[PDB]
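Take a look at this single chain in structure tokens; it is the form deposited without this ligand.
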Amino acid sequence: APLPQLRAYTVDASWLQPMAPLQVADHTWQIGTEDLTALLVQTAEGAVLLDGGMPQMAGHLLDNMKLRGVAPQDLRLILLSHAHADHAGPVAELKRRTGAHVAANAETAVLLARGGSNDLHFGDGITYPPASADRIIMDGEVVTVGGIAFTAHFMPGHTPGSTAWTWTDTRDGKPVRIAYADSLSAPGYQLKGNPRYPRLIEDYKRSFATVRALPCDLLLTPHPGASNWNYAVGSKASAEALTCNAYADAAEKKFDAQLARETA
């Protein structure tokens, strides 16, 4: 009776479904898949990428960047929501093939450096190739590329280094406040009395408040269904999208119900 075989991170079919670039604002594009958000922001001095999806999406992301006229060497910076395998997967390969730099906070940087291994909740079950962050980001720090300013908003919970990004784009000249907020879920976590995360509940409750106050005219999430996006319908993709208030309220109601049956 030997030891078990290693089992790989298998995801739903719609997470790996390629899609053509979908426009969000004058310079913001969804270039990921139907169920995974990968945002491209084109400026006069280069492109910015927010998240990348699964590790095997590196080639697809470069094809869609090429469809927008963005050569690999034009990618200047990669920003992250959190350093899990389904959102930072191809970061290591994208650095090698584009020469871009990665900016993240300290908690995301150390988790990224070990490829998601020794996760506080998942252990070594969901890993990916390691990557190193080039610039360390503080809460409220502004990152400017080509005139577009990105502001980091720490929201610890789903991971200690979970981060929301806000920036102002335009819609045919008129401004729009875009907010890319991270997950507020706890899929299978031990909430109360967790030895690896003693203040997990306090961090979550504060993040709910942080997301409510975010300056936002249009909300996007790493998983589009969390904010009621439907990338498949194209022009009507943002029709039923949620507000920052509604998104945070629904997350707290699910978090409270999960916390209630954990005591049971």
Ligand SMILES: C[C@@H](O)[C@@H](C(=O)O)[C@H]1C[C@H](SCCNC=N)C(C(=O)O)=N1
Given for the second form:
Number of protein chains: 4
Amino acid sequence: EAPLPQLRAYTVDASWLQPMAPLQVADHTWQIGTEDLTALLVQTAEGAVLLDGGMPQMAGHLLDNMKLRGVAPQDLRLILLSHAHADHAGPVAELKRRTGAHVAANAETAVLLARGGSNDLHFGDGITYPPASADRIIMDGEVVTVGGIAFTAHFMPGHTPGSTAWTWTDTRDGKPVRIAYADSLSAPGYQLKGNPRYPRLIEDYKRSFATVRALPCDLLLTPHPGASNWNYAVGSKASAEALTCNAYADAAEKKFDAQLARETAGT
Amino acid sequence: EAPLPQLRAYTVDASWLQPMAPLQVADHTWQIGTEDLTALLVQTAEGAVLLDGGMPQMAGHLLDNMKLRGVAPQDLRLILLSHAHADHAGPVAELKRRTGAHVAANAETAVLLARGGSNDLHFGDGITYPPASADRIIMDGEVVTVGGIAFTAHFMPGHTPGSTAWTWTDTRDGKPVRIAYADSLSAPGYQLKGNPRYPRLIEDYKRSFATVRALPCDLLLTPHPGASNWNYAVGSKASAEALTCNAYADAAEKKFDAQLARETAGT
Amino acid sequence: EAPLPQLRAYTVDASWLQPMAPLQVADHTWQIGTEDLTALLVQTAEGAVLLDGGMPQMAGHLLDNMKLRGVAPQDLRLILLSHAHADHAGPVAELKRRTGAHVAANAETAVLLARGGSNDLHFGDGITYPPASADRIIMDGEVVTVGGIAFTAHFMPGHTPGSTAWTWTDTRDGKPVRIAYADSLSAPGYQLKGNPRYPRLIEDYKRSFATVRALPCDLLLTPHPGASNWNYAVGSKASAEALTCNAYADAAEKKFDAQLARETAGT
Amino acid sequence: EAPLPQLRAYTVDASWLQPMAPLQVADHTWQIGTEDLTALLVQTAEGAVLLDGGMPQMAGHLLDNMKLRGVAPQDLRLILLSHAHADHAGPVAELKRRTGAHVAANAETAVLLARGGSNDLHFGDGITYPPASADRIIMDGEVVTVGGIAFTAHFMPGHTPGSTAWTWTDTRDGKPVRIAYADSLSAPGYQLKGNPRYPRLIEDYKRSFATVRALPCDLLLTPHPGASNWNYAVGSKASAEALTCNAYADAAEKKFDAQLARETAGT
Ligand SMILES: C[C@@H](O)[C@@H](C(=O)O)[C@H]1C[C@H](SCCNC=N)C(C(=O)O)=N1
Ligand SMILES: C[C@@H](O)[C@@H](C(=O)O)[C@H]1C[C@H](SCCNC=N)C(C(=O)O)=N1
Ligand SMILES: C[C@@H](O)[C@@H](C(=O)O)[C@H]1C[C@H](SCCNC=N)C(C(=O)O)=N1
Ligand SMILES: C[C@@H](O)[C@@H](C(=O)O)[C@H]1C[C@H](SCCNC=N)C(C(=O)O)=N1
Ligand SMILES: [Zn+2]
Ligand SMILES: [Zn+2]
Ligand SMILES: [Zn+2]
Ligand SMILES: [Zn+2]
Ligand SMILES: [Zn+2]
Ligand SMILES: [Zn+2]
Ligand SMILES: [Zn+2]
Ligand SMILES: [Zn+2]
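Given the form deposited without this ligand above, produce the structure of the same protein in the form deposited with this ligand bound.
Below is the entire complex, every chain and molecule, led by the chain shown above.
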């Protein structure tokens, strides 16, 4: 008779695991992840900040790219996160061990991070990663500063309860560039209506679309670059087709509304 | 020359520490705390629920009152909290050790509970208690059920980020009684405007007044009974002067608005 | 060019995942795991105790077997562990959520359990499971009692730093049966000499052999039943070939000594 | 009638809270705590290490002394601990928040640190401090290295289960100085025999005396300086009367043996 099933690993498209060399986004800001997963390094006079790490197996690659940018492991001061899913916060535990960086995150992200993504509201235990602890709990609108560069958190719950957009002002050609690293707005296979683990899910998504629309936003980036129409693999032309924050929110809301109607129609 | 100061203990008015016998609120619901701190025991066919415990030194008294109600330590199934301050969640750690109960709380309450109230947004380390872990993380509107009795969480952030109202329907004289255990709405010594640790504090308070106004509410109780005009010490007449949810929110908002104007005026 | 590798799942022999009906070990003690992974249910007048859960996907099966024994989910009071590896503590998180049980474990087991087995001294992140929190920290020789049945912890570090043997006295045919649930003594692929993550590994193993030899031991069981020569699949004859504690320790030490000499010889 | 008692604060002798200027112990090692509580700063080419912090209210003073030594808050890389009691690990949480340092500690110290000293085996909740998380779990004999300086952990359980001695080799006048920072060996008000929370307490103390005797030890320091006969307040003559490791262990064992006999005699 049938044995219980084997555990199944969280697998992803090859391009999500495809290393790339550092790609400059603005004067201090570099994409140092893979072709299809964002990991942003911001370099200051007093150390580096990392926003997202991608998948768990990307830890070594990120350190290699940091070294290419002149950042030794001990020079990484701070890790910030969009949300605590395996494909964005995957390597946080290993990075903390190997760099001495601290993690700052809101309470929702902190508790999910500390479970390693287990008991996810929608995924259960299917998509997990090594747990990590948040060292600083931040609140909506709170400013985290490293080397004079100020990062502001904007809560946009939905994709996870702790979903966060991070904004900061870099420069390029002597002009300020307000960067918005806006979190995911997808609801992949989620039950949207009457979800007992997330009763106000629809209300949170709706508010989060409005939050993204209003972000200070000269240049938008997203945890999955295709969501904001970036193409990291083409190098200097990677940002050419990037969406505004307005267009990113609009596309996400239209997709959400269609999914909601399909759920009412049983599919 | 001066040595560093001694540590100072969190002290409270004597009435907050004054034991009282169990006082029935509805058919299954009892106040079993002290004269001036609420701790509600709800007794079901499949075990008891405790909402708040008061101060840390109240653990033994609560167990005594539980025994008077026929509830042995192992019969306590679940602990719920208004918010994770020393005067309401004080004895949670000891109760968990001595009863085997689980704690359910939202992510904000969970992270503050696990710090024992340390690094409080407003109090720093001045008001602390033994840390405890939440066993179940709950979301806004989520229903927690014990022995058929359904408790619904309503987030009302402000007094703490994790502040929660809990509602449930008990009975009395054959009629349903919608009980609302609404959290504190005070801002004791808080900086309200431009607080770097709580940038959206005013917006959260304002939304929380509206949340309390709309709660299902035949009978209101509050962590400090005087806030809803209860007088536990008079026994059967204790509820006579109790406020509605509408009046509790209105009084709290007027107090908040006055405090905000005083803050603008430097006091 | 090559993408980074996909994550690989922890897979096991089919027999480790092969459900079995409850098999009585003594008057109150039942094997309720799979054919090749031990999970012991001890049933008292005041609730049940579970020693080990096996693999993460065994949670539902264990609850089914508990129901067959008359134990509802809420009747499980306590979970004890041999050691916090995925194949023995795998389902602890889910069991806690679904039963309200508490976990008691020593500090080493607690910290590994709370990492979900990640950053293992020998396995790294290769063999992980959903993290869980210990509710009671126990010390060497400490007695944990449920329904009058006393379980004593005997630390036997080596296989993991937190490896524990649990002993208790059951009955059979009116006579006492001193049961010893002794932890694993294997060192699967471990570096034994000069291991920077475990400098006293050899000394701990050597002491643990002596600890096992001296356990009160009328009947020995082990997390992998083949280690003590049990054959769960044959039912009433399952214990016939079981080893004494003396013989289990002797076999383990001889295997360890041979492995140590092979390590010196480069293999 | 009597209300429940007020919470009582952990108070200490004034000299434990008496700031002192940095006192050099060897070429890289400085006492930067108070007159009667040790806090050792070791300064390397790649950042500073702190061994113990003393009481919770010493955080600001330690940062002041670090600045006097040329160490900015961000230059503190690592915190090590003798044991996780309020008078030695008191300010760890605040130091981590303000410096970005990581904490390394064994599993026993980690779990007590994360409880803020609550549920102490002997003190209960009477002596607590803000909880902090360990970032690196270390094993007996494990080496932690910063800026080329190697610190070795030597477990000496007794005063707490996680009690640790730390050793390292500094220099003075061109000659190596093997420093031993040996933990406390007192048992203040402890029940020694048949303690249900610590059944092997006597055996652990006895082994720990032998451990201290065998430490590499040209210069001994202790968390309470009087325990090793230091007098921090006299400056350059502070080390003159310091005990050897042999004499520290001998004095502690004689005190322990006398206390044990007194316990048998009921006092
Ligand atoms: C665990 C999931 O959240 C993860 C997965 O499928 O593995 C993906 C699914 C959506 S959308 C990704 C669409 N791909 C490229 N744009 C998502 C996100 O929006 O962050 N991550
Ligand atoms: C730590 C503080 O939050 C605590 C204290 O002062 O000790 C009190 C202050 C306010 S209002 C209490 C007013 N007293 C009676 N109604 C408050 C609450 O609203 O929960 N608790
Ligand atoms: C993660 C490992 O610890 C696990 C595995 O290989 O998957 C096994 C290896 C050894 S020995 C098991 C031998 N099999 C049957 N007797 C072991 C144990 O002794 O607990 N578990
Ligand atoms: C909480 C206790 O551990 C603490 C206290 O009494 O406040 C002291 C008592 C002993 S011995 C201290 C003796 N004083 C000077 N040598 C001790 C130690 O050995 O670490 N700390
Ligand atoms: Zn995601
Ligand atoms: Zn994603
Ligand atoms: Zn409060
Ligand atoms: Zn209060
Ligand atoms: Zn194992
Ligand atoms: Zn195993
Ligand atoms: Zn101490
Ligand atoms: Zn001390």
